[PDB]
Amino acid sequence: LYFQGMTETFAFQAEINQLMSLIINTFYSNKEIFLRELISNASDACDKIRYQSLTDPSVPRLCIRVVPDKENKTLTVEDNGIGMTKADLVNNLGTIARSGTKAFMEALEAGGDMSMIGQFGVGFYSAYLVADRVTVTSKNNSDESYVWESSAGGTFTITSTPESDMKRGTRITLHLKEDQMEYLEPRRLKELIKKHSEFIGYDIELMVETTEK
């Protein structure tokens, strides 16, 4: 009755921990790939709810939103796709991230590029190229909304609040690094969206803050 919420703390698997330390510390020059990777993830979540709707009509217009916030120095990638249940968030999609990370690091060793992250299903982690903390708020039809957060110190948290009113989908918030403020600028974001826009079957809306007339 007087309950405000709860926070569970988990340690990452050893592999994911190495990936995070690698990404957050790399000098990789083409950091902008993070946007493509998050929009790619968002698109796959919209595909999952779409492919599901081809069996049950009970699960409106699927879209992807890119929201900069110069005040909080954050960048958000919002979608209204399938969403993630607590088991999805708490396990880091389970065997998906673990096998993916091992295989991705094995690819980089053998000659690969950081840009190949997505081929291993672990493109979400590229968010740490431009961010030092990432907040993932997801709501799946089969569960309530949860908040995943990590700053890459070997751990992450799962926060549950009964005061929650989050609709189906995923909201990924990127707390931008001092040097990565360029990803707030709407001219940089427009260029990047257009760059992959033709390859994503869903509308991508950019919500930016002046018209001279």
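Whichever C-alpha set is largest while still superposing within 1.5 Å between the two forms counts as the rigid core. Residue numbers count along the first chain shown, from 1. Compared with the form deposited in another entry:
- In a rigid-core overlay of the protein, residue 98 has its C-alpha displaced by at least 2 Å between these two forms.
- Core-aligned CA deviation for residue 109 between these two forms: 2 Å or greater.
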Contents of the next structure:
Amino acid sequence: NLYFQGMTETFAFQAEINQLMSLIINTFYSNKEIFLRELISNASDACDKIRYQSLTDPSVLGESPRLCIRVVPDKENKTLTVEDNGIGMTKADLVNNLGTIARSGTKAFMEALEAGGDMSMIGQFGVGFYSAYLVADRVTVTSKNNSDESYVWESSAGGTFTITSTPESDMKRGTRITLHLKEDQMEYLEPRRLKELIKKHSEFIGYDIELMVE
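Switch from the form deposited in one PDB entry, shown above, to the form deposited in another entry and output its structure.
Here you get just the chain by itself.
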């Protein structure tokens, strides 16, 4: 116990979610940039949730009351990160909401694509997050909700994901989604590509989005 350093639990994906991930991670698609819109939307949604809570109980904001979104390329590590200081996800949120519960939208989306529907429709089917696998071969979600400890969710779409906990874990409310970019997707590490992509959706989002240039 005094010698404990941390724990990793492994979970299977719900069956349809697994099938959707395999579909997305393997598919050719000519418009893979929509992943960024999906991650920014989730960040903005998470900021809404804590913002609304803070309107009745301001103390939920703790020492981080300025709600915003950051986009962070890392050429050395070949990762792109979207971070927010929104509501964050409990352990239960991570397991339930990112893999083990499927709604009818999951199956419908695959049926829609099999019928020549558009991958860019992914958000309309309730599975927007999984668009990250268009451009990435591994995704890591680090999240902290006021009600729980910090956890790291991780998956390379092999049918399972892990949830990792460490006894001193980071204390900052929010979520960081980090994408390990596929060989041919190095263009999303380029600040010029990112800055226009952000501007393209920035119009629709009521929180500052800062691009961190290395």
